[PDB]
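K.L.:
Listed below are the residues making up each chain.
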Amino acid sequence: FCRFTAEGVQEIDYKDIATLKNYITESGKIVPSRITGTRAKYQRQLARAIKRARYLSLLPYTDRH
Amino acid sequence: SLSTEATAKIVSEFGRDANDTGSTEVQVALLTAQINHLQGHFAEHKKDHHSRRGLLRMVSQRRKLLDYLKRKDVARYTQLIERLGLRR
Amino acid sequence: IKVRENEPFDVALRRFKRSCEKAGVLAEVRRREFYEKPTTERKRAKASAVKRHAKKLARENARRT
Amino acid sequence: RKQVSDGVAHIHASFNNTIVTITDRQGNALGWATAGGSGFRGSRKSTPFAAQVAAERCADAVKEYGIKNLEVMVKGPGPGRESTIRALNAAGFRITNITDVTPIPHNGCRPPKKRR
Amino acid sequence: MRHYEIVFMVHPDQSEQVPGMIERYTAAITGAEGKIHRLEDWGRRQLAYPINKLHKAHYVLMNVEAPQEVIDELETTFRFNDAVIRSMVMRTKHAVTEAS
Amino acid sequence: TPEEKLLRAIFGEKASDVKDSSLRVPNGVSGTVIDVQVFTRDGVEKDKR
RNA sequence: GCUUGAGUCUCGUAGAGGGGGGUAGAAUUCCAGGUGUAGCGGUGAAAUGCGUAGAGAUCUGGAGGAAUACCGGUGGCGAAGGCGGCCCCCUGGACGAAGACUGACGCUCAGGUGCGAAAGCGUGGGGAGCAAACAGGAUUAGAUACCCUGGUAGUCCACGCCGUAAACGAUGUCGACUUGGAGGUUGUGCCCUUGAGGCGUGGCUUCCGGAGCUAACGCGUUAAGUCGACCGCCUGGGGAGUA
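Chains as they are written, first to last, in the authors' numbering: chain U, 10 to 74; chain R, 1 to 88; chain X, 4 to 68; chain N, 12 to 127; chain I, 1 to 100; chain 03, 896 to 944.
Where hints are given, some of them may not hold.
Said to hold, decoys possible - When the alpha-carbon atoms are kept at most 25 Å apart in a straight line, the in silico BS3-like pairs for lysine-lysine are as follows:
| no. | chain 1 | residue 1 | chain 2 | residue 2 |
| --- | --- | --- | --- | --- |
| 1 | 03 | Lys900 | U | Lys30 |
| 2 | 03 | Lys900 | 03 | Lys914 |
| 3 | X | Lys40 | U | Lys38 |
Hints listed in this document are in silico derivations from the structure and should not be mistaken for laboratory results.
Full structure from sequences and hints, please.
P.N.:
This is the structure:
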């Protein structure tokens with residue numbers, strides 16, 4: 010039940026990470042779609058946001074090495 | 001892929017209206033224009049076996065409305081292949 | 004991944020470790036891949052997970068003893 | 012020696028092997044002990060009690076260096092990690108930070124086939 | 001013609017000689033028929049994970065409407081620039097102006 | 896409320912918890928607001944005001 | 001000649017569909033350098049082997065070859081087979097709101113053509129993990145089997161050949177008709193989408209059941225139900241799906 014991918018219209022970009030640091034666990038993992046209740050489609054769309062965040066170094070692959 | 005910028009022009013030339021696209025000389029030239037532009041796809045990389053059934057589809061259907069124009073107006077049939085050139 | 008907590012512990016406490024992933028890497032890297040298991044267990048597994056919910060709705064009807 | 016207070020106890024516990032290893036803050040093994048080097052050859056190599064003796068066999072001659080506040084980075088999720096981490100915390104140390112640094116790749120090559 | 005959300009990071013070393021290249025890149029889009037949607041220079045924001053050598057890179061955003069054959073030459077230049085270490089683009093149709 | 900929670904538990908902070916309970920002109924007045932003097936949060940400054 | 005059949009066009013949608021190339025992170029084997037121990041692997045138990053010519057382990061760096069985590073959903077694409085990171089070039093199939101048209105232009109099919117996982121072979125590269133042939137220690141009355149330490153064809157990529165399967169919800173393909181629900185996945189029209197709702201309309205798929213069928217289990221709008229069209233096949237098993 011969130012106003013992210015239901016009322017928050019038009020794909021959520023990874024530029025504003027003041028919200029994406031809520032979707033990743035403080036390490037680098039992703040929070041399951043059964044935890045933060047969002048429709049599987051947009052959890053893959055947020056999976057596209059987090060993926061490109063891992064490609065442009067905003068949201069890493071993991072915390073440290 | 002048959003660009004829309006070209007489709008509306010073929011229907012503009014061959015078809016007698018902007019939207020009277022359900023006629024013989026339209027659907028044929030349209031699908032023929034698909035092939036004519038599809039050259040770039042089945043020339044390079046070559047190994048598109050799944051895209052082969054897509055070809056199968058549109059080429060055969062084309063030969064189906066020609067399959068009908070033949071039984072109706074042989075004057076326009078030889079004329080259609082004469083303007084655009086879709087026999088060869 | 005990494006837990007600190009300055010000095011109110013007097014214990015190892017692997018809480019955040021097991022809260023992040025910890026074993027989730029070991030379970031997949033110890034033995035051979037076996038190209039078949041994914042198909043198998045993704046399906047079988049979640050099917051049975053759905054049954055618990057189905058159990059919730061079908062166990063409250065009668066039971067009049 | 013080495014003039015260090017911050018040590019790094021790398022613990023690799025796979026199956027029948029549990030190795031406690033206090034190293035320098037870099038990873039310079041200043042001393043270690045195996046549960047299989049402390050005897051217990053066999054099924055006991057897979058027993059946390061041997062693991063706690065290992066924690067001790069590796070907790071000695073380390074304050075000769077000067078380590079008190081130490082890091083315990085484990086790269087071996089075995090049967091201990093209580094029996095031994097709480098053992099160093101029982102030896103008299105204060106583990107500033109208890110770490111679990113599991114290397115995490117997106118699944119790559121293939122490991123051996125086993126147990127079947 | 002086509003929308004490409006070009007986001008790139010250069011070296012904190014080029015943190016001062018890149019705004020001059022900001023003039024270069026977008027002026028080239030002007031010399032290649034194209035409008036920019038949001039010209040931004042935030043600063044040398046701290047990276048997520050260290051990229052081979054140094055942490056904290058200099059981020060700069062463009063998000064520009066230019067031909068694909070032009071951004072193709074452009075990403076080539078980015079990839080072949082000692083400043084830019086990473087530079088990727090998105091797909092067409094959609095565009096932004098907030099980015100915050 | 897049940898159907899609104901979790902948003903203000905993940906998304907942000909002040910994006911919902913706050914509402915609007917303004918003040919209005921008492922019935923019986925028909926004039927023009929003239930002077931306005933306001934003051935802000937000592938020690939930990941308010942917004943742009 | 002006309003349309004409720006097929007199909008095309010206008011405007012859009014999601015993805016392990018495919019082909020060619022490239023990129024990212026990290027890792028097993030091996031090599032070298034700093035430290036250091038006398039043990040390591042493994043099994044029900046034991047052991048060949050390795051090691052003091054300093055292994056296993058730990059930190060950093062590096063060349064090859066191959067594989068895609070959490071997100072993952074009896075979910076998705078397809079004739080079938082089969083197939084999961086991403087991007088770039090190109091393209092197809094499935095489906096839908098509201099309309100304009102050709103006017104049955106449709107379905108299937110022996111010989112035939114094409115697709116055909118995996119594997120074997122001819123050729124140019126190839127070798128980390130593993131593994132036919134083979135060697136060794138043993139449970140044992142024996143071991144050319146289960147275990148373990150090595151290792152060649154192979155596993156990978158491209159061009160051809162054999163044209164083979166549990167190539168199986170075991171149920172051929174196409175159309176029409178016959179009370180529903182919990183679901184999953186992907187669009188849209190209408191109403192105050194004020195909000196993650198309500199009422200209809202299609203594809204795929206699972207389970208519980210009605211009419212019906214069957215030896216029975218059970219299938220059941222994706223039917224093993226009711227009809228029509230087209231195709232292959234059977235007449236007890238073995239012999240043999242073999243010469």
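K.L.:
Hint by hint, say whether it matches the structure.
P.N.:
Right, here's what the structure says about each hint:
Proximity of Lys900 (chain 03) to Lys30 (chain U) is assessed by CA-CA distance (about 19 Å); at most 25 Å being required, the pair is judged to hold. At most 25 Å may separate the alpha-carbon atoms for a hinted pair to count; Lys900 (chain 03) and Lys914 (chain 03) meet this at roughly 15 Å. With a C-alpha separation of about 23 Å, the suggested pair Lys40 (chain X) and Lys38 (chain U) falls inside the 25 Å cut-off, and the hint holds.
Of the hints listed earlier, there is not a single one the structure fails to meet.
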